[PDB]
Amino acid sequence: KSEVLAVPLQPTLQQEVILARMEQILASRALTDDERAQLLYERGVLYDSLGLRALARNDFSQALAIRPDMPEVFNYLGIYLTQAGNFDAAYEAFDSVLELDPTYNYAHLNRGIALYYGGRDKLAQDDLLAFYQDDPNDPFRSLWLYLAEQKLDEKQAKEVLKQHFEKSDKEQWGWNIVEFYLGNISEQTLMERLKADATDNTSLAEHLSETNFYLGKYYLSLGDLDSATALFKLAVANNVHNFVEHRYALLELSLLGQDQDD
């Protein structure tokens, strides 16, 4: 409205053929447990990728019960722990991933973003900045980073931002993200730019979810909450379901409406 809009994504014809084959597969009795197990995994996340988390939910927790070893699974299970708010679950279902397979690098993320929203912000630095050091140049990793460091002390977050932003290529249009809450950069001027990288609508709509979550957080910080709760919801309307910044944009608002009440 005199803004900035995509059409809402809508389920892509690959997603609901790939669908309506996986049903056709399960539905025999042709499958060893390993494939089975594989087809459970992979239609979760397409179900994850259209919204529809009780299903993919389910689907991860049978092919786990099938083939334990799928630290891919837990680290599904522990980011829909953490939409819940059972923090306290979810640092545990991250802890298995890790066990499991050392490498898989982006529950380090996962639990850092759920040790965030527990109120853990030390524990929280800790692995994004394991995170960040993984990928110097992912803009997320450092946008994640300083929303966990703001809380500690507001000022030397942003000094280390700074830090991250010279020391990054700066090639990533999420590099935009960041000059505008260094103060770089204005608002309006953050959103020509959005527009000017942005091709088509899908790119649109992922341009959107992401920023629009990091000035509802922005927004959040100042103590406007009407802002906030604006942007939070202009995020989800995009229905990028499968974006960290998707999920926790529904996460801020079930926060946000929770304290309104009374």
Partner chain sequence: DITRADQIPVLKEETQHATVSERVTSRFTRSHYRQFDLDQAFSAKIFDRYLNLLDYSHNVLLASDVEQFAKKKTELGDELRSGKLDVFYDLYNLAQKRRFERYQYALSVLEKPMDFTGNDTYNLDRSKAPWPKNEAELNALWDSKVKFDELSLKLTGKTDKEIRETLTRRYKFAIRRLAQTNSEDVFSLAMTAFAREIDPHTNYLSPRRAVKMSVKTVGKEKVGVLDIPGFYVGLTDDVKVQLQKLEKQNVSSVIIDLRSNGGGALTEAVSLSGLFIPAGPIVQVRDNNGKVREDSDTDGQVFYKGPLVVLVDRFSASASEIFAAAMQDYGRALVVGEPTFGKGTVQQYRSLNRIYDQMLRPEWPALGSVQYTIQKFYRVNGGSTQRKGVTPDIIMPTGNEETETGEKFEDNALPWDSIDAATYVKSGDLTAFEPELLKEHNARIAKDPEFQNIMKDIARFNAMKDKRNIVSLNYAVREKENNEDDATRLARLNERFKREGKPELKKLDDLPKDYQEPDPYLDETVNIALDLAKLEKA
Second form
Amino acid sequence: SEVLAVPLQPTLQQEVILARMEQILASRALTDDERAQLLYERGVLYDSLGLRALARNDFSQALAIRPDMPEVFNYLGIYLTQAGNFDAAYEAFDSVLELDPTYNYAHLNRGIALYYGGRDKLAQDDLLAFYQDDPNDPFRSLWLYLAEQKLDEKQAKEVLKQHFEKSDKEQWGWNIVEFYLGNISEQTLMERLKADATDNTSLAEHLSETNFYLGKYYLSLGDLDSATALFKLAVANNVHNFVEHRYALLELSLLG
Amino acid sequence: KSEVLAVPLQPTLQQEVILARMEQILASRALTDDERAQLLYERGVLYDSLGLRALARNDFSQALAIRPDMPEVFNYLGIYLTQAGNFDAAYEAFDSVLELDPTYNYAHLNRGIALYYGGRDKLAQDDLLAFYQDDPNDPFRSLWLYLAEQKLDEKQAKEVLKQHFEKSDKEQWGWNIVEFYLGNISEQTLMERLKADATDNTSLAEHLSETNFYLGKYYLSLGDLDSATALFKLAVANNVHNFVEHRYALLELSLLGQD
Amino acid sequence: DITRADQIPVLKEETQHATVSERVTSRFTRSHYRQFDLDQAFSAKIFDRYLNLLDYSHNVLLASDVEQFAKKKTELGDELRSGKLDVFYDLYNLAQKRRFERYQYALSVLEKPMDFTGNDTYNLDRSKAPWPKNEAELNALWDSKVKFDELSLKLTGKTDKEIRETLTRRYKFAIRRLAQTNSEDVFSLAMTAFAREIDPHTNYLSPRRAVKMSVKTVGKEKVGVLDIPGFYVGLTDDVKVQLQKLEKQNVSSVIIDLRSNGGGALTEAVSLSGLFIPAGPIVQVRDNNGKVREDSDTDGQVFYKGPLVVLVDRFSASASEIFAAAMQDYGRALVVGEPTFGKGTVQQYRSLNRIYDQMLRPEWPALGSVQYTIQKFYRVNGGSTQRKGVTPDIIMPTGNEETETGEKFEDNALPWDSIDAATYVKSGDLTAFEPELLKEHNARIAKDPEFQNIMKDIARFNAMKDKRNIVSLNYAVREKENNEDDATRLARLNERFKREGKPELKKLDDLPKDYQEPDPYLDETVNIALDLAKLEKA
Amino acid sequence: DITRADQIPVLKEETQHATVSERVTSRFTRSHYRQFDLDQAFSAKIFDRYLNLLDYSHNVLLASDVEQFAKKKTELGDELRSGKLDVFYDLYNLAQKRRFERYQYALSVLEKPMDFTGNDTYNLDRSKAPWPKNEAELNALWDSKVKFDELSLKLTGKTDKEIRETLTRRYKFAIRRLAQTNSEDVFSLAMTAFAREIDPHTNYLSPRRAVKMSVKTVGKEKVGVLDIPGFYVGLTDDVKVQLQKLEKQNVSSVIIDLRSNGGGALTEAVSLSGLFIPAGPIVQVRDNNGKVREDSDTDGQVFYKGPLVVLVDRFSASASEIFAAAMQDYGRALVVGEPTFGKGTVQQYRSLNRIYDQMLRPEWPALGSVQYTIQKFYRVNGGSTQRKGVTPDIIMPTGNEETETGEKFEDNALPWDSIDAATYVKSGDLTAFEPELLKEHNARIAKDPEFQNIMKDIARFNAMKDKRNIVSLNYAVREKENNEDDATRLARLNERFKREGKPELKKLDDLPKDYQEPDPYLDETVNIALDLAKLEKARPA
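Structure of the form deposited with its partner chain bound, please, following the form solved without its partner chain?
Below: every chain and molecule of the assembly, starting with the one above.
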């Protein structure tokens, strides 16, 4: 009796939509604008099923039809991040914000990319901006913390403590922060995770997120065995489009 | 918890470029009807292998609409009806497999499994004993037969499993799961032999899919639902989508969730 | 037309029948609710049943014809699995020949002088009779049968010249039947022998009304009656309509009449139950594999809440019984009448066609169907309705007798059994009232003349069921019984008309065709419902 | 033509330059091998570097012009991040004006009488000179410069009338230059100031043969020489060809000549290495993020297995150095010559175009490119080739001196550093031989006259580098140096010809155009290779 979900499976809806999308794209029922939009949408779906190469294909095709979709560059940038090509990922996110400087999630994703790319101060610039846009979103404080931990461990912790104390404390993620701060134990975190999950999909999601941050915590302490297990347990949930799933995979790639 | 764990398997680049290629070819009209039903079959097998069984069923149904006499297709539809708990219709599909081609062996395995989950243990044993005789050194054939015989007579199932092991060449890795079932090795030794035999993450994942399922079933039959539950989820975590053991770990969990 | 045995065509299996047999056997052995093994014990029984389909009366085939094929009776499971139907077609062709022998012998007998002054009898049930050993023995049996058929017609006023005209027509027609039998009739009868050994609702099939309300008024008190014919899709809606209407009329209590209400839609039993209670489960449905589904009405608006009686009889079957059992188990309504049919199972049809048949065997016809049992019903208290049906709280005199109708009498009906009770909250109790309801009921029906006559008919039917199957071949004995039957009926009617101030009938045939029997059971249920209303008010 | 400051057009940023600046800054601050922070300290240095681009000689701008803009020197990072380039264009227009002032003053000074009898000097390196305080100070510096330019031409035999004709042409041309400068030239120089502060191989770019074999023979002994020009795609294949051919002859040893061999394909360094050693890693490549890739040759087949010398010089750069370092570290070949260039890094180009530029700003031109460092090379022993290069086992005389060229002299060259050694198996040792090879080498070059002369030239160059940047403005002192230069050369050539039995030259210009200098370093390496050949067959175990 640890805490495990049934790994998530494609829902019937996601699969009939894909089948429908294939027919529509084969048809001649779409404008160019409508087609680029649908290729985007099918990319988002394939990504959510964990088919990132099929996703990139639909995204590239979208940009070939219209090269000014910021929403598409954002995903290409994500993929370049998972592939370890940080350098090109920066280019993609710059493109997102050049098309639409209000596209906030580009700040998160460029920040993550800069984090994995060993540019911690620059990562902090992006992630602090992502924080200011929604400070009660705990995951924004968590990624900011990950970047600041590499600059100054003790000051990162202090800023994380402040971010928690100023927040409304509502969203579940603050519990991962509480763990990071030393306020609760790992068992209490897990206790609160089960209490907050209502069904298998929410359990899986919570475990994806939580095992990744637990994984990162242990890795930064040097415990590679525990980190390795935790990253795999995050991935086991099959929550394909969570950033935490994507970078659990990347973390495992780097431990190999 | 320091279990044995693999990185859950991901679509390979090859599987995804082939799917992309398949979509384009089907969208062309360059294809005989024979060729098209064959390609739909192949794309279904690929989608099943990625865990997209509704997309698979769709390509399979489309294949039979073009040519209704593909036994290979009915076999998969029968499997899907098994995972859906519609055992009745699954039997129909397998009968159809063997009417088209009575040498299509895997229909005996799958109809066996279906009849097992459908609570027809004698009939299941007939199909699984026939599947056994077609390749007795394949340990998994002895394992599914044992699962069916366990419901008729626990003591005599075990004896027949012991004999199947003693007759065999003992070469294939799965005999170690049998050795566990027989009392000859401990759970830890099984896991030690699993890691020793695995060479890379894909082979580890596969071994864990298989092995966690049979461990899961062992504990379930002892009444330990917590351990069974964990083990089934751990099998599924490997994402070896086309293993029979993956499919029925899912089914077993569905029956624990209903109860 | 046709004068000799060798002009009856020899029937042969069609090319698809081997396959159809394999497909049927596959469905029945694998998917049926009943988990039987098609072994040697089962094969013999299929064999015995097949013989009774070929010769119900045990007067066509010889014991030596039967023993010829009975040696291999235990092999019929194999035959069916592998589509070998030689036994079924061989026996059927032999039976056709033997049948023509009997009919032609019967034609010859008709000319002989008829004498109905014996003390001889005729058995209508020969289904347990030893097979006749030879032609002499067959000939005695058909002397007896032709005498029954002759006397049967004499007792309806026909002349000897007219009896011989009719029976010539009948026996010649039965011979023309033989020549017009086809391969599919043989196959069909063979699959019926398999089917009906499993259970009586299983079959092989060859290829090709609203709610009424009234109000009864006894003394100053009023009772609403919902005459429900069937559990048709839409019923529950038409019943709301009618219940608001009775409310306007301010009725002391309500009777729901489910007599002769058979089959129907299970959803409607669930939703109808909803109108009178608010809880979860109405019924538990079990599949062929121990899996149990619980069906609930989840829109817990009660539209009635007043005293409620459910009136049921031996012909109340399936959906009807679920509704009545729910109302009984929840302590919501009093159930009155007779123990119901006991139809506790559900069947479904399945085509035998496969999508590749037309392509691979274009020359085949379409192939037809099976019907088999897939589900059994259980009540919320755990017990099935299969067999026992619903036992009323007050049983009308007709119910306190064993009947010849109902699932418990049908051939190889599945047994009653039980599962765990479901979770539910009883809406009332009503057991308090039971001993006063019964005392007042028993007082009223001792004094009612319809009930008094039913008691008499029951006593008389009981002293006669001893010999039910044994009919006399003495014309005088049989006329005298027909006349005391007509005279009893006439007196019964006349007793009624004198009480009503209506003119007496002089003879029974002067009775109007459209004459409606009274309904004593409904009348007495109105009284029962009002008793309930008193006792529920205080 | 152009006679006043106010006819110089004032240059203005084009509409795309703000964007291009943002894009360049984005690449350099995020992806460069060198992880610098574009802070205030860095901004100041970009500023100083930009001034030196505008005025290399520190004789155009005034210290007051510089201090005006130096107050905001620490803001240049911000300017660059947000595409504000006011400081760059303001200074560039001020520099153009100040330049025209200097050239027009020079046209005036030219007509004044020339006197080259003074014992004054001219400094060629003013790169750390105080900025001039005023026009008088500028005017003295250009009196000096015009005198240098005049005397420069006088020492090539021109007359006063011809010096004034030439310098009029030159100074008027330098003024015509000013008017023809465009906005992109300004932008370009501003991005260069950013680029080259990061490292000397990083840049902004505005929008727009085979291996030869011979055989040398000393006594009856033979040495095969592979003259490799470059690490071109295909080299490793052409070298197999040549090694089979040398086998058909019977050579005691082989020289690979990588002198002046720069740049090249890294794959070719790896595969070429393969021909001489069995297996293993040749080089470790580190990316901008601490990640280390190890490159190996996985054929297994050695095609040579015999005594081998690698000949290298200060101009041996990049792929060359990898190959020589591998052969050294594996103990496979003796390295001879000079310490190499020390080019330990790799750069890559990126376009600044984006796929949506044409569509959203159709009126923009195409946008050009950046080049930046992304990888650093490490040897199999852990040390980088960056800076130190490869140190030969026998150093020729010109190698025991610090030279002007090489990565260690370039401006802001990244430092040498090291990582862990890779896993590998040494194929030989060769350390024993080193002290006998050196004793025999030193004996031979004490007696060779080319070497004797090289050591003389080195002693003289070394005693002269004190005042290397200080040139005399005395015509007689400078003619006398030119004449002792020509007389030394003539004697050198005549010493050679007497030894060879060739006729003496009477004067230096009677020498044929197509005259080939000898190659002492290659000749002496042949001797070194044969020495190696003896000591290697004389080895028992």
